[PDB]
Amino acid sequence: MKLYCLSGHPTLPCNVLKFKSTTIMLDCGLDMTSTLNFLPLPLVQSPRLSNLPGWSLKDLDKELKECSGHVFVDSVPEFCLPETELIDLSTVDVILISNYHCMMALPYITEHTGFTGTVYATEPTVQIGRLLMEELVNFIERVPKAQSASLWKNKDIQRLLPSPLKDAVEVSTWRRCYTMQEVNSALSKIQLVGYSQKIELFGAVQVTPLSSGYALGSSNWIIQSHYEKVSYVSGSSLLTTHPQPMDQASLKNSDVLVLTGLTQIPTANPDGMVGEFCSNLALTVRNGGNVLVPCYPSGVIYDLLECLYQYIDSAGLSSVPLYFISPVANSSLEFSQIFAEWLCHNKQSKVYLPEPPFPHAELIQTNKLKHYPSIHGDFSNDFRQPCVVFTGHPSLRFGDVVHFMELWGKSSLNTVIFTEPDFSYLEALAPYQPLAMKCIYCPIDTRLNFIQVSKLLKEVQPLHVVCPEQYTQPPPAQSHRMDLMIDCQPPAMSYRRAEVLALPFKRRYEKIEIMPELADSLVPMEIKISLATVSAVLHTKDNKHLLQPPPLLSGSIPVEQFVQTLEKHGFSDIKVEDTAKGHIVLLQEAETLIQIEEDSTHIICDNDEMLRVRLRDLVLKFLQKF
Amino acid sequence: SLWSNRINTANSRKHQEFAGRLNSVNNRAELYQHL
Amino acid sequence: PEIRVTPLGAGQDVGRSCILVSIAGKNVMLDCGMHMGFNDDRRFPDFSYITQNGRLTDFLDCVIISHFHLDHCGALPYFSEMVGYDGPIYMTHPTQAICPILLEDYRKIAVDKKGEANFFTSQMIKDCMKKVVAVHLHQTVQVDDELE
Amino acid sequence: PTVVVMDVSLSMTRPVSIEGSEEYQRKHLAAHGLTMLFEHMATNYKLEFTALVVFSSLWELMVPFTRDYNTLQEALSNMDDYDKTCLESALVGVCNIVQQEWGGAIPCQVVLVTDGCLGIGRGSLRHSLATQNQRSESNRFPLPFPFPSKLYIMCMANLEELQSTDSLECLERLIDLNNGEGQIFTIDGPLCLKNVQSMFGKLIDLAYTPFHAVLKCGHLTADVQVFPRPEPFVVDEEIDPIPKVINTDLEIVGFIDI
Amino acid sequence: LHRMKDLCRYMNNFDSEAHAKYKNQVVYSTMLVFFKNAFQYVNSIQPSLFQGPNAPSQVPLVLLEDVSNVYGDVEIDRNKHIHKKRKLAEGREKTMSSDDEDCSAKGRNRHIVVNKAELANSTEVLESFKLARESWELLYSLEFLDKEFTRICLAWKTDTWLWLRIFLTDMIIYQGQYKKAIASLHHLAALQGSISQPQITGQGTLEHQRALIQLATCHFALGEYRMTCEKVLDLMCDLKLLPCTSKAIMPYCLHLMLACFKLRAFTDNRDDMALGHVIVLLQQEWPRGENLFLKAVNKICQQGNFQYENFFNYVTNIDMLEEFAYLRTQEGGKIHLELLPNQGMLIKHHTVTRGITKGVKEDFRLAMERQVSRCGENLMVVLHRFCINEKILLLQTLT
Amino acid sequence: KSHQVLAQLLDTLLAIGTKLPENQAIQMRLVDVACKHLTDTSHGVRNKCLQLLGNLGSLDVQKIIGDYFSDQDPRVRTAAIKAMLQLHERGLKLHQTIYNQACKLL
Amino acid sequence: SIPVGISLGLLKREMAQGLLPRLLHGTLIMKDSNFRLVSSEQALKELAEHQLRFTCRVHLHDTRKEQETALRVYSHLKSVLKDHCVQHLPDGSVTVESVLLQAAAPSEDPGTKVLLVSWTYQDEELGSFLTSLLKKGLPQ
Ligand SMILES: [Zn+2]
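Protein chains in written order, with UniProt numbering: chain H, 1 to 59, 64 to 532, 535 to 556, 583 to 658; chain F, 655 to 689; chain A, 2 to 149; chain X, 2 to 259; chain Y, 285 to 521, 549 to 710; chain P, 122 to 180, 195 to 241; chain U, 451 to 470, 476 to 502, 505 to 597.
Only chain H is shown next, with the shape it has when bound in the complex:
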């Protein structure tokens, strides 16, 4: 009935629903875009970033740095957490994780907030999320930087700063990266669940993850209480992706469909952008330049790697190396390979005959793809100049991507290709703006667009729809595209950060079970339809109600039938008094009396007790309890 939304980020939601007797957390999410306000963390101290001019104000200067007009923070990058203080997270009983992208910020919730509940997620999601936190902690703690910057967080000081730093919100709630001990502790509180697995939460509600088709282990959740069902649609995809397609059927008959994880850059067709990315890197490589591809180690990298494997053979570029640098590179490749049963029917059919599902095993076998754990190992020995490198965080604030941007940024021959849409490629590129590097933005987002979600909504027909307020308006870049909206027959109520929505799905008629012993004693009747009466004792255990074996009446007793039928059913000396809209009947034995009102009857006894029960029973010949 309630929904506490702890994050305003659309693709990184954190929603808690105080529905029935359990408060369930839907996703955690970590707004990584706060890192773009900070100066990047380089693997080796660069002269350009160190010698940047401090920003000037009337007062400080060493906290903030200026580069090509944009003003940044000379401090360790910080991450915008979901609102933890709006609702006491100790009361959260269960956390449901949909994607590994939404899996982040979980150490904060599990450790710092006194959360003692359970976390449910699918195994590929858990493993890939573990890899992501591994590489994030490795990048952050590789060359640590102090957190000296705190003056700029002041309420009266942030107003005078330029636009990217002024528009940052919840700055006081930003936190540094969690340590690896917290990551290991958090992942220990997790329960692995398979698709369509019914998990009972204290006998109250049943949750099942349903395949979303967006990523490996990506799942949509449906929470139901046997009469009211709440569907949670996170990032999902209806394309020809490797994971098994969306289970759209199970979302039907949903009272509330909370909808998050819709695509950014809706105007982009992912196949065309993949083709453009391949063509651009082929053009750059043909001219002898290098290519840098900031990406996550386990996200859209696999799809574009497959397309590159197909493309290079026709393009005559098999000679050039395909470097993949990340601390979790080999782990990412192996985890992608072993999760073969988490794929679609086309790709899971490769388990019958002996063959790995993904084709990049063939890239490794022919020594086309070469994965390394860092730059300082065997990579520096096997590095060939006209190459393409997938590495680093797409935020361009830590990882090996910082080093490669600082290295290849001085030449126009080299190019950087952005494929993840979750970071503003002009804002992530801000601390390096005076580069001559050729910068290309061809994001690949396979998530649902507004046409697809409109079709899905018309297919599912949910009673109420909940979405971020960003989807109830056209995007600010366009501001005139009515097609980039969630159009529903209901108004499709929305939310912003730290908003509480009182859902109208409150319904009665909770389910209960009656045992055969009591059902033997229960007998129905006929009315105008069947009906019965039940008197029993209620036994409740684990929020499951059982009916153990130990005022109103209804019928047709009009004045005429009352006077006629029961006139001489056993007594005598009965008179009828001519009362308006009825008749008053009383006996001379002890002035015992019977009075009837419109659609009502009642029996009076005057100094008599033995005949009163039989008087009531006589009228009970044709009186039900409807």
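Keep in mind that the hints were calculated from the coordinates and are not lab data. Please note that the accuracy of each hint is not assured.
Cross-link-like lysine-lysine pairs, in silico, BS3-like; alpha carbons within 27 Å at most [claimed, not checked]:
| id | chain 1 | residue 1 | chain 2 | residue 2 |
| --- | --- | --- | --- | --- |
| 1 | H | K2 | H | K462 |
| 2 | A | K27 | H | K515 |
| 3 | A | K127 | A | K109 |
| 4 | U | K500 | X | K195 |
| 5 | U | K462 | H | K653 |
| 6 | Y | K463 | Y | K368 |
| 7 | F | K668 | H | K515 |
| 8 | U | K539 | X | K195 |
| 9 | H | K2 | H | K510 |
| 10 | H | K351 | A | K127 |
| 11 | P | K217 | H | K510 |
| 12 | X | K28 | Y | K669 |
| 13 | U | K539 | U | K462 |
| 14 | X | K195 | H | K256 |
| 15 | Y | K551 | Y | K463 |
| 16 | H | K351 | A | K131 |
| 17 | Y | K672 | X | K28 |
| 18 | Y | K320 | Y | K289 |
| 19 | P | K157 | P | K198 |
| 20 | H | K515 | U | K462 |
| 21 | H | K515 | U | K500 |
| 22 | H | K462 | H | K532 |
| 23 | P | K122 | H | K2 |
| 24 | Y | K414 | Y | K441 |
| 25 | H | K613 | Y | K414 |
| 26 | H | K613 | Y | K400 |
| 27 | U | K500 | Y | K551 |
| 28 | H | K510 | X | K195 |
| 29 | P | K198 | U | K539 |
| 30 | X | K47 | X | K28 |
| 31 | U | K500 | H | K532 |
With chain H's structure known, arrange chains F, A, X, Y, P and U with the ligand on it following the hints.
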């Protein structure tokens, strides 16, 4: 009689019986009779 | 309101595991194994118990295979293709992957080391695999409206 | 040609009934009709020429004819209004105009949002459609328009609610008394959201239907087959109480001449 | 409830010594009846003041005028609707402002038409609620009981005391003296807001709003329609049906105004403003408002003209707009329709007329579109705007 | 009236009690009011009441907490066991009768 | 077991008075081929109503003062009876569910003392015991 009507409803909508169970004796049936 | 269980194989022996369960009018087969050591006519379970000279798909709505051992899935192709069961067959993904090769090896043994007058072939093994529905761990599938 | 009988009363621009006709205002009913009948309108009513023009006293043919196929709901959706209010020329006059200038056999879709409100006393004009029994003084006139026409049902007032002042009969006996075409399409009681498209929903699946029938003489060797089904047709009642069947006594006889 | 008919049947000013037992019994019965009536009134009308600091402090209720009785056929007076409304409400007995005392004989002059489900009891609860005025009047007839009640009211600070304030509010509500109820409403805001006890605090108090609604009903009964409308607008920002919540108080304020307008229209008065108000109020309750709409139509037909500032041009009441459109023709008596100021064209005459080719038609279409767009909006804002902008019509209707 | 606000206020009361452990009369008032709201239908309210009884309590309270080893909600049962454990950690000597009650919960 | 839906209000009222010796009374409506357990009020709301009650006026055998007949007889609930709710009112009456005893004057009918005893079938114990001991169980 609430346990009567629902049981009758459940038993009414059922499916065909096994031949061996129809031909069984003392809830046991000889298998591979042709041999 | 009764659960009637009739193990016509592996009742008091090991081998040829094939158990019939009638729970709520839903007749399910719990395994389709075969016996080892028997030469002829007792390798496979007695499917005349389920009204032979008729369509088995009407009687059975679900067939379940525990694992890929021959005493639990060996009679599956003969059963399905020969006696004419076109209904669903449920078995885990590794069971689906490893079941046909065991059947192929035993088929090679039967055609080479013994007689093969009343045995199945590789094409008929592959025909059986079409009806198979893979089920993941803890995947509560809905084989019927009420049976899961 | 055929003209939709729109009410020329001033209340037609505003909602219907004393307090509420059914569900929301007329705009919601028009939108529901457009959404539900769009598939039928685009396939069955492409040649029905109806114009949502303004009228002072009764529906008249002044504007040029147009091929209105999906603008039927627009006639009752944000329609124009005129400074005129003629209650006696709303149904009787429009019906007479349809009978005279359009005939009793013409495709007309009389679907619109109209008040259909009588007076606040002894002023109920029930002779518009119930001239057979009520208002027998005009029984020899052209009323009650005994000719084929589109169904016009005004289920505005509730029979239970209007029975308090003994005025339920006047409001309820409007749709049923309108020539008695087939059956009485009159709903008395509370109103719901789905009731808006109830009137328009009577011909959702009544456009075409499959059938099985073959015409031949005896046995033959080049008998013609008819894949598409024709409209329903029956000559008698006992022989065709259910869908037609084929017997095993086919014979060919008789001379064919013109 | 009916036991006061026997105690009061003896000599009120009896001998102190010769009838000492009778006088003592009468005084005791009168005191008990007064205490019971005060307790019942406090429980029914003062739920916040009767609750302690740790108690729930529920939203208090209030008693309103018997507008349903006037609308109902039980008290269908053909010529006792306009001037006799105050008489029907008070019985011409509670002339003085009696604090902690009810001097009214309306219990015997009329009754409460309550069904089995409308009230808690059709015999006990209704009679007990109606006989409070009669029992209090009987107590006031006896010198000792009246003196005791006066002493209690003086000593207990009846304005501050919860039971005495509730009794005073009920007496003013039935008496029609809106000034006493208004004073009680003003005191119920500061008294509840400045007290450390649990109750409704601030201007948005349930008891204050209920008292304001009671004052509006009393003003309407007294014939001051303008004062009643002002009190109703302020509140918005023997027995009757009304919930104890503050939200339900706002939608019940217009009932008294509708009853007064219906009574005026059904009488010999042809005030078109009352007819317009009744037409606006036709959507408040149905089929009870059908009689009010018929009376409004009759009044409009009899007057032959109407004068208003904004009825269909800006006001977006669906029922009022439909009624005005219907009455524009000869159905409403063939009278001129005035929606805008000095506008409306001719609709009472024959339909075949030109007038303005496209000017008046465009203006009417624009007004109809504006009304349709604002149709979803509540009628309370429109009613308040008409009550301020078009107060001349309301003043004319009131006198 | 509301259950979330009641549970949060019980959390606030627990914080105040832990802020003043040397105050005795305050803790008796706190445990009394925790016992008062211990019968609420909301499992959260009962959880916070049991937490109050565990952190604050004379060292009767074991019987009161022991009564909720049979509560239908499992998390209320966990809260009761944790309250008894925290009472033991504070220095209270638990009764042997708790052994049989805990044995059923295994 | 029989799958049945019980209304939320009745379910909450189950432990509202039955948390600490208790019972649950309701009516099951097997309507529209589904089982829906509800209270009596929702049973009325579903869809033939004809209420039957007891509001008997037993001619009291006790012939004493008006105070004795009215203000002393009505305190006969708390003697030994159980499972009855308690609500205090200053005025003076016993209002536990469909129970009211302070009826009218002690003897209106030209006979002995007359008092109205009212009860329903769920609270039949109190009304039955009261009527039994008021018929002849309170002599002078
Ligand atoms: Zn085995």
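Here's how the hints hold up against the structure:
Distance restraint check for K2/H and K462/H: the Cα-Cα separation of roughly 25 Å lies within the 27 Å cut-off, and the hinted pair is therefore satisfied. The hinted pair formed by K27/A and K515/H meets the criterion: a straight-line CA distance of about 25 Å does not exceed 27 Å. Our distance criterion of 27 Å between C-alpha atoms is met by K127/A and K109/A, whose separation comes to about 15 Å. This hinted pair checks out: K500/U and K195/X have alpha carbons roughly 23 Å apart, not beyond 27 Å.
Using a Cα cut-off of 27 Å, the hinted pair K462/U and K653/H is violated, with the two alpha carbons roughly 33 Å apart. Only pairs whose Cα atoms come within 27 Å are accepted, and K463/Y paired with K368/Y is accepted, the gap being roughly 20 Å. A C-alpha spacing of about 26 Å is found between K668/F and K515/H, which places the hinted pair at or below 27 Å, so the restraint holds. Between the alpha carbons of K539/U and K195/X the distance comes to roughly 52 Å, so the proposed pair goes past 27 Å and is violated.
Between the alpha carbons of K2/H and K510/H the distance comes to roughly 10 Å, so the proposed pair stays at or under 27 Å and holds. Restraint check for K351/H and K127/A: the C-alpha separation of about 19 Å stays at or below 27 Å, so the hint holds. Of the supplied pair hints, the one linking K217/P and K510/H is violated, its CA atoms being roughly 33 Å apart against a limit of 27 Å. Between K28/X and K669/Y the alpha-carbon distance is near 24 Å, which keeps this suggested pair within the 27 Å criterion.
Note on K539/U and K462/U: the hinted pairing holds, with a Cα-Cα distance of about 22 Å set against a maximum of 27 Å. As the CA atoms of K195/X and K256/H are separated by approximately 21 Å, the hinted pair is consistent with the 27 Å bound. Our distance criterion of 27 Å between C-alpha atoms is met by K551/Y and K463/Y, whose separation comes to about 21 Å. Distance restraint check for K351/H and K131/A: the Cα-Cα separation of roughly 16 Å lies within the 27 Å cut-off, and the hinted pair is therefore satisfied.
About 21 Å separates the Cα atoms of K672/Y and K28/X, which keeps this hinted pair within 27 Å; it holds. Note on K320/Y and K289/Y: the hinted pairing holds, with a Cα-Cα distance of about 16 Å set against a maximum of 27 Å. Of the supplied pair hints, the one linking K157/P and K198/P holds, its CA atoms being roughly 15 Å apart against a limit of 27 Å. Between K515/H and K462/U the alpha-carbon distance is near 13 Å, which keeps this suggested pair within the 27 Å criterion.
About 20 Å separates the Cα atoms of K515/H and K500/U, which keeps this hinted pair within 27 Å; it holds. Distance check on the hinted pair: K462/H and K532/H sit about 38 Å apart at the alpha-carbon level, beyond 27 Å; violated. Between the alpha carbons of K122/P and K2/H the distance comes to roughly 17 Å, so the proposed pair stays at or under 27 Å and holds. Of the supplied pair hints, the one linking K414/Y and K441/Y holds, its CA atoms being roughly 26 Å apart against a limit of 27 Å.
Straight-line distance between C-alpha atoms of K613/H and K414/Y comes to about 24 Å, which keeps the hinted pair within the 27 Å bound. For the hint linking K613/H to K400/Y, the alpha-carbon distance of about 15 Å falls within 27 Å, and the restraint holds. For the suggested pair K500/U and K551/Y, the alpha carbons sit about 24 Å apart, so the restraint of at most 27 Å is met. Taken as a hint, the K510/H and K195/X pair is honoured in the structure, with Cα atoms around 23 Å apart against an allowance of 27 Å.
At most 27 Å may separate the alpha-carbon atoms for a hinted pair to count; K198/P and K539/U meet this at roughly 25 Å. For the suggested pair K47/X and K28/X, the alpha carbons sit about 23 Å apart, so the restraint of at most 27 Å is met. Proximity of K500/U to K532/H is assessed by CA-CA distance (about 13 Å); at most 27 Å being required, the pair is judged to hold.
Figure legend: structure checked against the earlier numbered hints; hints not met, in rising order: 5, 8, 11, 22.
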